[PDB]
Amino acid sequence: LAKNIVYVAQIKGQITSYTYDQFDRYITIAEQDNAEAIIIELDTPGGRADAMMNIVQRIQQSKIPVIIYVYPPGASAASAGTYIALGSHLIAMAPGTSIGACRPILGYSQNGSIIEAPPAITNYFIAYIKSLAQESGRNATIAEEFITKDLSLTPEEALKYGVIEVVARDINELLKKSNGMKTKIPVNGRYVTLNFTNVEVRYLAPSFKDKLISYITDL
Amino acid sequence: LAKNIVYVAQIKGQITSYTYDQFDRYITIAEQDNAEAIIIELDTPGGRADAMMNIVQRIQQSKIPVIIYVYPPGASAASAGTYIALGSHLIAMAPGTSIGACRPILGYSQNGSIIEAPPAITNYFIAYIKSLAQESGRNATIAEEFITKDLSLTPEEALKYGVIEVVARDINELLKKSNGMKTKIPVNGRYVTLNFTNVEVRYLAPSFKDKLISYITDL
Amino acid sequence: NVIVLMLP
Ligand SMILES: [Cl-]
């Protein structure tokens, strides 16, 4: 009961209804355990708007800070993952990762051709991404460009442009660097200073169902 | 005189990429065997827009008639399933089935809440559903109300309002009533008259992949 | 490339 605990979970693949369930399960565990924070190792190439928005909401309502960590090297928080990142308490990126490319689409044709959205729905997602960025005090100009210019950024760029808060090679470096940082959004109405000194790190294993469903969506 | 081959497949659940794959698989089989028609027993609460549009497109390119049959009693062709129906060569409904209810949403939220579709999306689907209805000679006025009023219809209502062509209790009655009917859209440029005198009914089983995905879904 | 739509 007098411990400082950080949970670490892993989220990989397309952001779908089932990804929501994962976020909710992992965050719920950390809440009920009174965790100082939960770190989510995120690697997503794309996903659905509705699940994305539900995840952002769940993060907004989280009773503990949610740290989105684009990890491992080569991971991306592209498309829906970028919104999830921008909607969270702190963003970290591992060397060799990517953030951005958030243009909304209606989806994919038989060809594999891109089915673009009506111009006005592009403007809707622009408003939404700008909102997330300004609510978390992050660069809404660059965030807008994730859509309008299909802009994608490396860790160092994302940092320099004030889109993320941390560049870190692993969990331990993440903890060391983010220690003492204020969350970019509130936790239960208050901005919170992260206390990662003397912390116990607990890894949450993805379940059989997580790995299987991810693998199936993969193909 | 001649022996006419009719294929019958089942397509159930949310409309997704795997559903497109089912439509493509079952239609290809019927095409290669020079079928008179493929009947699809459709039961769907909704699904994804891009897959729906890909399915409508696959049906347009079909070298044989595709009959959408809302079956069994209690089934519906709601939301995305309505567009598939309207995009097909003939629509049948079993007693006690539903069609319509197509008001687009961005999706559902955590607590029963519904994320609203921006007006552009709404207008975009109004134009699309009206178009499908116009192209197939079906009631475009009523088709719009599937969206603007979330209108849902019984089979008897659907026929009376000129949205569908046939009310039938089983495959037997369907062939009997639809025999001699002209398709509502062309097959390769011409409007085919359906010949169901001397018919061999062939049922297509879902594949291993089909069954696995749906069993996961049933949990 | 966020995919936008479903329907009820
Ligand atoms: Cl504090």
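Positions refer to the first chain, counted from 1. We call the rigid core whatever largest set of C-alpha positions still superposes within 1.5 Å between the two forms. What changes on going to the form solved without the partner chain:
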Given for the second form:
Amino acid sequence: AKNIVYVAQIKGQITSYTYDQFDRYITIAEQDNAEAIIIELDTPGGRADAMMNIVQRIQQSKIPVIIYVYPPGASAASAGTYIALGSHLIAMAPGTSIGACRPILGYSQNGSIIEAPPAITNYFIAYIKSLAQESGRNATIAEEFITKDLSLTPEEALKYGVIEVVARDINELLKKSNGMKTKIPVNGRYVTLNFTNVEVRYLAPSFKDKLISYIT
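Starting from the form solved in complex with the partner chain, produce the coordinates for the form solved without the partner chain.
Only a single chain is listed, so you will not see partners or other molecules.
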């Protein structure tokens, strides 16, 4: 396991395409046999099924996946919260948000907003509790992301034990995450993070990415 961290960005709505991005990035770092991949996340939500695919990809990752809510002013909201909860380590930049996972179903008329039945609401509730329980995070706050449309500032998040590192940039993330233990196992093994002599590689989107980012 090389001491080499990868960094990549994921921004915008979560789609089937977002899964392709997460998969592509996690693989490159997997191939190369990395220490970790940091994914800078900024999402107002998106598709449930793509989200659940991403959470699985991350849960099944051979290297630890750090979800970093970044840059300042980003949010990991609705679907992006689960991605974050499903991860080996969450960091948040100052000025960012996590939560606000109230499920709506769509839009009714000229001006309205349709609330989801309790049946499917109870699924996501229980889905989020489990991600939270699984990782050793605040299952009780997690649920509130849904039940009380609850959002969190980074300082709250870390105090409630919802996230682990608050960091201004990738250098400070790497400093404050050194000798941290992943909140979930990696291919069967808990991993203890070692960013002492670490070299960082930054991955860029593709031209296809930017195009879909334009359209969507």
